[PDB]
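Next up: just one chain, as structure tokens, the form deposited in one PDB entry.
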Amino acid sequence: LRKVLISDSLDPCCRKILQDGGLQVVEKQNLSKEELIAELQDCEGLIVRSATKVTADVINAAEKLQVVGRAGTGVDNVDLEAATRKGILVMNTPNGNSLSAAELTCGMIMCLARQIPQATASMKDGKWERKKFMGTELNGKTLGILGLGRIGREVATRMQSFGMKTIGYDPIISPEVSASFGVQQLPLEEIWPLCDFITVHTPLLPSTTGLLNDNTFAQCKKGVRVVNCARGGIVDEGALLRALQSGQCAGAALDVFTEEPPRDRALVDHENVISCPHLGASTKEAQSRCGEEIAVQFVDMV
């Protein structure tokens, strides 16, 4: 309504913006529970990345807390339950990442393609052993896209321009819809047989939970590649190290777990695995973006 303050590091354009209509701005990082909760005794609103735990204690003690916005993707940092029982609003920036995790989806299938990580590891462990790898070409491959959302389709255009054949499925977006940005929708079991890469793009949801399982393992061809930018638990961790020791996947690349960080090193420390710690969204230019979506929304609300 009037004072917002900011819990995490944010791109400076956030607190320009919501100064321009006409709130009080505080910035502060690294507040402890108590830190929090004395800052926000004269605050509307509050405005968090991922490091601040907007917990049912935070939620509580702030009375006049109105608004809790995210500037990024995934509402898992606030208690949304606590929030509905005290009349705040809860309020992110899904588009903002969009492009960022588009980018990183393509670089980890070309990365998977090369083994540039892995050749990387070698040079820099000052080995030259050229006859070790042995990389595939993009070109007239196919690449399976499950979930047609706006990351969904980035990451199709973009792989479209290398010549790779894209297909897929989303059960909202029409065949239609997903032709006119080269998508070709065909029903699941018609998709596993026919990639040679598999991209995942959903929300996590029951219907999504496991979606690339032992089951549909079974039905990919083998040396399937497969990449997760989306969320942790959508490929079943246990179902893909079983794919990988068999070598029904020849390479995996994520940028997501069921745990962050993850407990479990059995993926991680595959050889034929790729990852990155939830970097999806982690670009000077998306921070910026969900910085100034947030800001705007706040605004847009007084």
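Positions refer to the first chain, counted from 1. If you superpose the two forms and keep the largest set of C-alpha atoms that fall within 1.5 Å, you have the rigid core. Compared with the form deposited in another entry:
- A 2 Å or larger CA shift between these two forms, after fitting on the rigid core, occurs at just one of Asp264, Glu271, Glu34, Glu260, namely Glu34.
- After superposition on the rigid core, displacement of the C-alpha of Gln245 between these two forms stays below 2 Å.
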Contents of the next structure:
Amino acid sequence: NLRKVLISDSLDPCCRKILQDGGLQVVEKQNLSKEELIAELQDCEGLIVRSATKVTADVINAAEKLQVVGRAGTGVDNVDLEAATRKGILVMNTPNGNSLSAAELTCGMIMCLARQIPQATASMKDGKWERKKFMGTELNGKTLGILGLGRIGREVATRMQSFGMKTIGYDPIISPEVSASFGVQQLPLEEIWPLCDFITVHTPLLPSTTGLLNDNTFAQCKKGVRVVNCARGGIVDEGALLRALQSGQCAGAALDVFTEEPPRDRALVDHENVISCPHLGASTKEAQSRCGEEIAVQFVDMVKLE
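Having seen the form deposited in one PDB entry, can you show the form deposited in another entry?
Shown next is a single chain and nothing more.
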């Protein structure tokens, strides 16, 4: 079954502990070269990654004993699913562990857009006292549009309801009855755009969600709409977002994620009305601990099957 598991990224110690409690041998090495990674995998049936380690077609094809790739996080962004499927390698992730940490960062970004706290801190640290520049907006009575009403979307909804925000949204798979149970009125996208003071995206990256916000959608928005992307780079068209920030059609944007990470185009990051993080949505001690446990349990469950 599984003898040895490699951990190629920085995880909570509890990942290794649960695996070793399950009778598995564990190696833990970070910042390994592509050649280095291939070398340490020759003894291993299991590999556990975060987002740093790139499990490409070349790494999969070279790792002969590899049976399972485990990602302590959501999606499979840094894993070639096609390459793994062709080799019969099982790819597992932790869809629940990061939900609350991503929802909390999203809520923080909404508050930061309303009051420009990051820009105000930068101003203060430059020895400036700029009261007029940083006149902000009250969230109470404003409309938040939530695109994607899965794990994270519903947690954002209930938190921002406590601020007196009206929460509307769209999800092609979630019933209006389910969304109603967490206070989100579902509408067609065309009805959402004109109502929103704030828009936040919580969808996978799919053809249908690539530029879910674009020039066509910004044209339908309230002048001065504020937008959050703590989901995946590209869901908000970065070209369309910059054009909306330049016109003032968009009053501000908060971006945890970019089409390229780190972004080589700095136009959005450098914009005075853009707040950003280097993909910190899952970067809490609690989320890293829960994902480490979630992936370790999946590995042990595989042992029980084998």
